[PDB]
Amino acid sequence: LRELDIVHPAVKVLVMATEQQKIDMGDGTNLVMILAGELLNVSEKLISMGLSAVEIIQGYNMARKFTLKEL
Amino acid sequence: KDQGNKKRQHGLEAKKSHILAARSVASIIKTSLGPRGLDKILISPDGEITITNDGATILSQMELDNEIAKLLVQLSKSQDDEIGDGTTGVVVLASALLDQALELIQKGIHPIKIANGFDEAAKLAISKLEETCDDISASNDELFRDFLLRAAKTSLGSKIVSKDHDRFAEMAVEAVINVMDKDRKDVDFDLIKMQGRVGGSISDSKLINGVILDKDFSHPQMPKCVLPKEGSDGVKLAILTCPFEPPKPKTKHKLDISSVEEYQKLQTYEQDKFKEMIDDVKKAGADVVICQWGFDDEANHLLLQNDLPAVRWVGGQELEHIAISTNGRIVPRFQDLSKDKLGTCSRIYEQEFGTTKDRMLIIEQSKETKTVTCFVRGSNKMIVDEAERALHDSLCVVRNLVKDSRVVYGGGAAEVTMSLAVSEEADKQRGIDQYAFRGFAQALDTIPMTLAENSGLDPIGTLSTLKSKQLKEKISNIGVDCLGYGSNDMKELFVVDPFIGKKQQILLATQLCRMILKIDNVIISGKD
Amino acid sequence: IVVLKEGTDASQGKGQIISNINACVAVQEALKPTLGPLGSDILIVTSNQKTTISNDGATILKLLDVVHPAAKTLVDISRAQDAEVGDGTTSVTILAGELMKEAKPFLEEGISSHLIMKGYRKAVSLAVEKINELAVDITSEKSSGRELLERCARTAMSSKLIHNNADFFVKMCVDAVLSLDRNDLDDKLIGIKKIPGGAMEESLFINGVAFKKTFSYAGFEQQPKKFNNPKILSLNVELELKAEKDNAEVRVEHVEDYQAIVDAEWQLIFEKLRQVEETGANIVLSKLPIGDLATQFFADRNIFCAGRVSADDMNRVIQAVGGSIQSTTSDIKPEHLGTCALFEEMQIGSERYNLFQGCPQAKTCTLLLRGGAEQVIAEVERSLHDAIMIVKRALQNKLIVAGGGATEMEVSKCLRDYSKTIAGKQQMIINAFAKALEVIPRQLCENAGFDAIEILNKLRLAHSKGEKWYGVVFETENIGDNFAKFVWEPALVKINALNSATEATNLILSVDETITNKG
Numbered sequence: 072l073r074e075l076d077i078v079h080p081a082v083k084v085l086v087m088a089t090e091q092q093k094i095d096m097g098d099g100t101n102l103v104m105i106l107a108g109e110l111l112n113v114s115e116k117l118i119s120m121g122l123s124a125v126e127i128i129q130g131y132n133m134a135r136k137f138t139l140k141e142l
Numbered sequence: 033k034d035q036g037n038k039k040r041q042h043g044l045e046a047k048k049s050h051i052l053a054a055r056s057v058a059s060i061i062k063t064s065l066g067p068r069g070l071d072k073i074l075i076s077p078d079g080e081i082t083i084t085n086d087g088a089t090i091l092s093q094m095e096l097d098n099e100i101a102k103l104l105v106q107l108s109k110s111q112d113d114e115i116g117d118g119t120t121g122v123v124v125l126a127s128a129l130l131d132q133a134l135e136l137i138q139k140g141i142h143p144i145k146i147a148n149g150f151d152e153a154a155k156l157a158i159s160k161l162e163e164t165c166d167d168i169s170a171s172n173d174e175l176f177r178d179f180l181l182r183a184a185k186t187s188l189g190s191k192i193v194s195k196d197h198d199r200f201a202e203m204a205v206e207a208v209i210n211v212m213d214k215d216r217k218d219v220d221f222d223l224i225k226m227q228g229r230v231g232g233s234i235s236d237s238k239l240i241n242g243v244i245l246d247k248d249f250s251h252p253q254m255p256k257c258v259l260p261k262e263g264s265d266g267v268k269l270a271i272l273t274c275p276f277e278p279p280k281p282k283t284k285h286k287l288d289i290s291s292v293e294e295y296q297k298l299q300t301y302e303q304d305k306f307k308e309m310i311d312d313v314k315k316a317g318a319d320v321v322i323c324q325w326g327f328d329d330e331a332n333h334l335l336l337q338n339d340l341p342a343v344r345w346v347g348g349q350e351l352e353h354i355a356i357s358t359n360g361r362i363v364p365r366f367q368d369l370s371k372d373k374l375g376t377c378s379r380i381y382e383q384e385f386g387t388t389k390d391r392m393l394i395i396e397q398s399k400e401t402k403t404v405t406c407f408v409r410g411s412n413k414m415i416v417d418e419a420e421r422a423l424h425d426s427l428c429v430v431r432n433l434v435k436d437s438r439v440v441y442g443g444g445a446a447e448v449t450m451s452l453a454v455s456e457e458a459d460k461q462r463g464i465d466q467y468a469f470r471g472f473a474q475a476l477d478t479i480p481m482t483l484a485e486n487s488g489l490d491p492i493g494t495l496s497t498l499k500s501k502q503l504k505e506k507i508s509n510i511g512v513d514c515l516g517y518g519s520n521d522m523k524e525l526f527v528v529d530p531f532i533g534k535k536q537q538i539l540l541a542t543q544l545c546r547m548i549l550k551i552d553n554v555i556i557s558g559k560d
Numbered sequence: 010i011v012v013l014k015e016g017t018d019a020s021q022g023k024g025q026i027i028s029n030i031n032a033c034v035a036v037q038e039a040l041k042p043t044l045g046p047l048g049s050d051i052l053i054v055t056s057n058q059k060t061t062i063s064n065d066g067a068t069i070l071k072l073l074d075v076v077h078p079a080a081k082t083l084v085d086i087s088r089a090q091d092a093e094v095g096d097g098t099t100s101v102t103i104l105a106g107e108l109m110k111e112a113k114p115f116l117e118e119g120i121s122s123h124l125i126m127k128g129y130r131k132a133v134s135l136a137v138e139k140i141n142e143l144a145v146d147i148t149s150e151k152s153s154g155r156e157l158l159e160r161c162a163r164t165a166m167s168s169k170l171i172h173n174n175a176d177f178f179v180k181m182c183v184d185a186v187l188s189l190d191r192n193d194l195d196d197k198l199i200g201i202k203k204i205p206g207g208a209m210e211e212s213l214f215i216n217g218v219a220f221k222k223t224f225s226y227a228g229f230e231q232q233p234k235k236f237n238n239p240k241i242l243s244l245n246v247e248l249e250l251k252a253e254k255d256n257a258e259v260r261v262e263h264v265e266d267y268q269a270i271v272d273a274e275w276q277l278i279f280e281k282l283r284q285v286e287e288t289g290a291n292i293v294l295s296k297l298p299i300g301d302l303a304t305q306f307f308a309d310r311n312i313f314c315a316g317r318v319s320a321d322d323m324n325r326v327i328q329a330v331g332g333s334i335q336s337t338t339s340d341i342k343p344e345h346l347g348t349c350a351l352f353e354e355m356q357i358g359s360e361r362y363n364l365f366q367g368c369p370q371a372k373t374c375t376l377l378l379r380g381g382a383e384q385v386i387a388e389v390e391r392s393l394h395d396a397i398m399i400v401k402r403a404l405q406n407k408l409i410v411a412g413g414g415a416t417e418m419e420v421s422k423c424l425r426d427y428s429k430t431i432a433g434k435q436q437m438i439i440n441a442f443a444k445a446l447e448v449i450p451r452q453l454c455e456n457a458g459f460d461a462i463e464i465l466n467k468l469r470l471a472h473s474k475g476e477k478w479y480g481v482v483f484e485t486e487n488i489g490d491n492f493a494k495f496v497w498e499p500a501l502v503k504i505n506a507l508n509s510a511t512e513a514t515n516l517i518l519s520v521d522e523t524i525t526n527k528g
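Residue numbers (the entry's author numbering), protein chains in the order written: chain Q, 72 to 142; chain E, 33 to 560; chain H, 10 to 528.
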């Protein structure tokens with residue numbers, strides 16, 4: 072990512088996520104990218120069913136909190 | 033690296049492309065083969081137009097982007113020194129060999145087998161030439177000298193100098209005799225200097241037994257000649273390399289005079305150095321001062337007052353020539369100069385050629401020497417160039433003849449004999465060797481056909497008649513009418529080519545064919 | 010406001026791997042004709058119009074430097090192999106290209122590259138094991154690190170004048186290389202001297218360095234001819250009653266003054282000669298003549314001297330004895346003195362020849378040859394030079410495997426046999442690697458003009474039975490036991506070449522996408 076030519080502003084969000092992972096944590100650079108990509112992919116299925124982005128975000132936040140507590 | 037604009041051939045078109053390029057290169061000078069070969073116009077980028085049929089000159093001045101053609105031309109450039117007069121023949125033979133190799137490959141023969149078979153065929157042809165060769169030096173010394181002069185005259189007659197080419201042949205023979213000994217039977221061309229200028233006539237050629245040193249003697253008042261002094265021990269030469277001036281700074285200099293004290297000191301130093309050098313020269317007993325560098329004004333004045341003509345800016349090779357001719361030695365410095373190291377020569381005088389008013393200085397011995405200079409003149413630059421080329425060819429031919437007593441005859445007779453022998457031997461060897469021998473014989477057949485074509489004769493009928501004469505009746509020296517001749521059978525026409533020359537031609541043709549065939553992949557990048 | 014790809018994208022996955030395979034195939038085809046001593050040359054023209062024709066793989070790779078990333082990786086691996094080993098660069102490139110070719114059908118069928126790489130690694134392990142097994146290192150089979158060298162020397166001297174007497178010259182040739190540093194062999198360290206007289210079978214092997222007589226002044230045969238504790242010391246410019254170097258011309262108009270000066274110089278030389286003894290130098294050597302005074306003093310002091318020693322002989326003697334060369338006698342040091350077990354003058358040939366023997370620590374040796382004529386000794390010397398070169402080459406790599414494709418054929422046969430016991434997906438990769446290993450003999454036969462198909466079939470049929478050293482004969486088109494013909498290649502070189510080829514294959518096949526940034 073530091074060397075790849077990325078011009079789409081949306082991808083820069085995941086680039087900054089990887090940068091944060093590298094700065095704060097000593098591992099997981101690929102894990103964050105993979106997880107974000109998969110979340111955005113399943114968001115396509117969520118939208119296909121007619122669900123609004125706001126409720127999708129709310130559900131993702133709730134699931135994030137539950138997963139963090141369970142970890 | 034530099035991948036863009038990169039071309040390559042391999043697997044499909046490499047062999048065909050290489051052979052076609054070689055054929056195209058050969059066709060440039062194919063028509064120029066033989067003494068009556070057609071001329072080609074060569075024009076310099078500045079617009080100077082020249083006319084000549086010399087294949088070596090034509091190929092040397094030709095630049096091209098084709099890799100096979102470039103390799104062939106480069107090889108011919110090196111071969112020009114080995115033989116000189118056989119460049120066109122070697123190129124034609126190599127082209128014919130490549131043409132035959134094309135068909136052999138089309139039949140499924142690997143290039144390595146073709147190369148090996150060509151090498152074996154060349155060996156057989158050389159053996160046949162050795163078997164059929166004749167010895168001139170072992171028959172009669174008078175006949176040997178006559179054949180040397182005849183070869184020189186034949187070489188010279190193709191140029192404008194044919195009117196009075198006898199003098200050039202005599203000078204070449206004398207130079208070879210003076211420079212070459214029979215211990216090695218090799219002419220040292222480095223000791224045979226070639227020099228000339230535009231002007232005069234073909235009759236102004238002269239053979240010098242030493243270096244020329246066409247110098248102006250620096251100072252205008254310096255004598256331009258060194259006389260033998262009415263029977264004295266010739267002329268004593270001071271061979272020096274140190275400049276005739278005191279040491280000087282390399283940064284500022286500007287040794288100007290501002291007062292009496294500085295003038296006195298500088299004059300004392302400079303005069304002491306100049307006096308030391310001139311006294312050393314006088315004690316050595318030399319009559320002429322020769323230095324690798326120039327001379328200072330004070331040095332020139334002192335030499336003039338002492339009657340010591342000066343020679344300036346003599347090159348290292350010129351110094352070696354002086355030492356060889358005068359049996360002298362090179363003295364690094366003035367302080368090391370002594371009578372025991374001075375060279376001796378008959379005289380140093382100005383020689384005029386034709387209407388030339390330059391009055392060039394020449395060092396003459398008039399005796400046998402190991403180093404000589406071939407001086408060439410003519411009414412035009414083309415005349416001088418042709419005379420020099422003919423002299424070089426004559427020297428090479430004489431060297432080849434003296435080196436090996438065995439000789440062959442020109443006009444393609446040797447080529448026809450080799451072709452017949454190879455064809456006869458081909459049926460005895462089984463396998464790819466038979467095809468290789470047949471191809472080599474067909475390639476050898478090319479040279480006589482090309483010569484016949486250049487002479488206006490039909491190559492087919494001429495070659496068939498030559499083969500019939502050399503097979504049905506007997507083995508002899510029968511060639512094509514390269515020049516105006518009453519009939520065939522060059523043996524009676526005295527057209528002789530050295531055996532070593534023909535062997536070298538065949539070997540070089542085979543080597544060039546192998547070099548071109550052994551390359552199966554060519555890669556060329558772009559240009560900036 | 011800066012774009013590196015210029016809006017140009019590229020695909021990823023099996024497509025890029027196939028493109029890399031195609032690039033490797035192109036490189037392999039380019040370098041194919043250069044494989045083997047009989048291979049064809051390649052002509053390359055650089056951007057500067059310089060034309061170079063060469064067959065070495067390293068030069069071709071350096072001149073080409075294909076920009077393609079897969080070709081770049083292949084070139085890097087080839088250069089690494091050449092720098093680390095220097096042999097097998099072309100073979101490594103050919104093997105990598107063949108492996109890439111074999112990988113293509115597996116990818117086309119949907120086989121993951123990871124399985125291919127794992128199978129190639131397993132095949133490499135099996136091939137290394139089989140090469141180690143095939144590697145020849147035997148003692149009881151009438152061959153060893155020394156006996157094999159003797160056999161090689163005999164083969165080199167075959168059809169020569171001393172072939173019938175090779176039984177004795179092979180030992181001399183082997184000992185010549187074995188008498189010096191075995192890890193650093195050089196032909197210049199094995200000298201040969203020609204001594205007329207005697208039979209060729211009477212030639213003597215000298216552990217140290219020997220040279221012909223060089224002393225011809227007073228005192229000859231008046232000094233000791235044998236030393237049990239010799240001390241070799243090379244003194245440069247003394248050994249004279251009058252100074253030879255850094256001297257000057259002296260003119261004296263009075264007899265008494267000249268005589269006094271000469272007497273003073275003689276006394277100085279006397280003191281220097283005494284110091285020579287004081288330094289413990291039992292053997293005095295010098296490249297310049299030695300005067301009568303020095304020889305007489307040394308003879309009276311039981312000291313041996315010999316001047317007019319050639320530079321090469323003096324250097325070899327110094328290196329063999331471990332001494333040095335001293336400018337003056339007063340500066341002679343004990344560390345500059347060399348010692349050998351026995352130094353003596355050999356009377357063979359109606360002349361005395363100096364030789365140093367019993368010096369196993371010497372860095373060089375000399376061979377003494379005998380014969381009834383100088384021409385016979387010259388022929389013996391030529392045969393000995395050939396044998397020395399051959400034995401040196403053999404000893405440089407004592408671990409050897411059958412050449413001419415024999416090792417490749419054996420490894421392929423072993424891999425094919427193993428593939429019947431490795432049931433699973435790895436069988437395809439093992440078979441592919443075994444087939445790829447056969448490219449080397451195929452290309453060698455093709456470049457030599459032989460019938461590749463027939464030769465390969467015959468070799469495969471023959472290798473199934475009999476010895477494991479059957480290979481391709483490049484002198485006359487046929488197959489046979491190359492080992493019996495003394496044709497072999499180092500085992501370590503072959504192992505390194507296989508490892509490098511497999512490393513290149515894994516590196517190239519492990520790349521799924523390549524991104525290039527403008528610059």
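Certain hints may be false.
Said to hold, decoys possible - Heads up, simulated EDC-like pairs for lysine to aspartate or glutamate below, C-alpha to C-alpha not over 20 Å straight-line:
#1 E:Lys-39 x H:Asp-50
#2 E:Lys-268 x E:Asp-339
#3 H:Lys-14 x Q:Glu-74
#4 E:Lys-499 x E:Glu-485
#5 E:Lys-550 x H:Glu-265
#6 E:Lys-550 x H:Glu-118
#7 E:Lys-373 x E:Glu-396
#8 E:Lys-33 x H:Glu-484
#9 H:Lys-494 x H:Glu-476
#10 E:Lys-38 x H:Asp-50
#11 H:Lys-59 x E:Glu-95
#12 E:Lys-33 x H:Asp-85
#13 E:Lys-145 x H:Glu-118
#14 Q:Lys-83 x H:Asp-460
#15 H:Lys-434 x H:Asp-85
#16 E:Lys-145 x H:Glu-484
Simulated from the structure, these hints should not be mistaken for lab results.
Each hint tested on the structure:
Restraint check for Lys-39 of chain E and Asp-50 of chain H: the C-alpha separation of about 17 Å stays at or below 20 Å, so the hint holds. Between the alpha carbons of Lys-268 of chain E and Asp-339 of chain E the distance comes to roughly 13 Å, so the proposed pair stays at or under 20 Å and holds. Proposed proximity of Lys-14 of chain H and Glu-74 of chain Q is supported: the alpha carbons are some 11 Å apart, at most 20 Å. Simply put, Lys-499 of chain E and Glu-485 of chain E have alpha-carbon atoms about 17 Å apart, close enough for the 20 Å limit, and the pair holds.
Straight-line distance between C-alpha atoms of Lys-550 of chain E and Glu-265 of chain H comes to about 83 Å, which puts the hinted pair past the 20 Å bound. At roughly 40 Å between alpha-carbon atoms, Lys-550 of chain E and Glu-118 of chain H are farther apart than 20 Å, so this suggested pair is violated. Simply put, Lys-373 of chain E and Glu-396 of chain E have alpha-carbon atoms about 19 Å apart, close enough for the 20 Å limit, and the pair holds. For the suggested pair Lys-33 of chain E and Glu-484 of chain H, the alpha carbons sit about 39 Å apart, so the restraint of at most 20 Å is broken.
Annotation: proposed proximity of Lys-494 of chain H to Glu-476 of chain H holds, straight-line Cα distance about 13 Å (limit 20 Å). Restraint check: the Cα-Cα separation between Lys-38 of chain E and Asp-50 of chain H comes to about 19 Å, which is no more than 20 Å; the hinted pair holds. Distance restraint check for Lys-59 of chain H and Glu-95 of chain E: the Cα-Cα separation of roughly 13 Å lies within the 20 Å cut-off, and the hinted pair is therefore satisfied. Between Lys-33 of chain E and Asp-85 of chain H the CA atoms are separated by roughly 13 Å; this keeps the pair inside 20 Å, and the hint holds.
Proposed proximity of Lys-145 of chain E and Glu-118 of chain H is contradicted: the alpha carbons are some 42 Å apart, above 20 Å. Between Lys-83 of chain Q and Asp-460 of chain H, the direct Cα distance comes to roughly 61 Å. Violation of the 20 Å bound is thereby established for this hinted pair. Among the hinted pairs, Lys-434 of chain H with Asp-85 of chain H is inconsistent with the structure: their alpha-carbon atoms are about 31 Å apart, more than 20 Å. Only pairs whose Cα atoms come within 20 Å are accepted, and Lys-145 of chain E paired with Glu-484 of chain H is accepted, the gap being roughly 13 Å.
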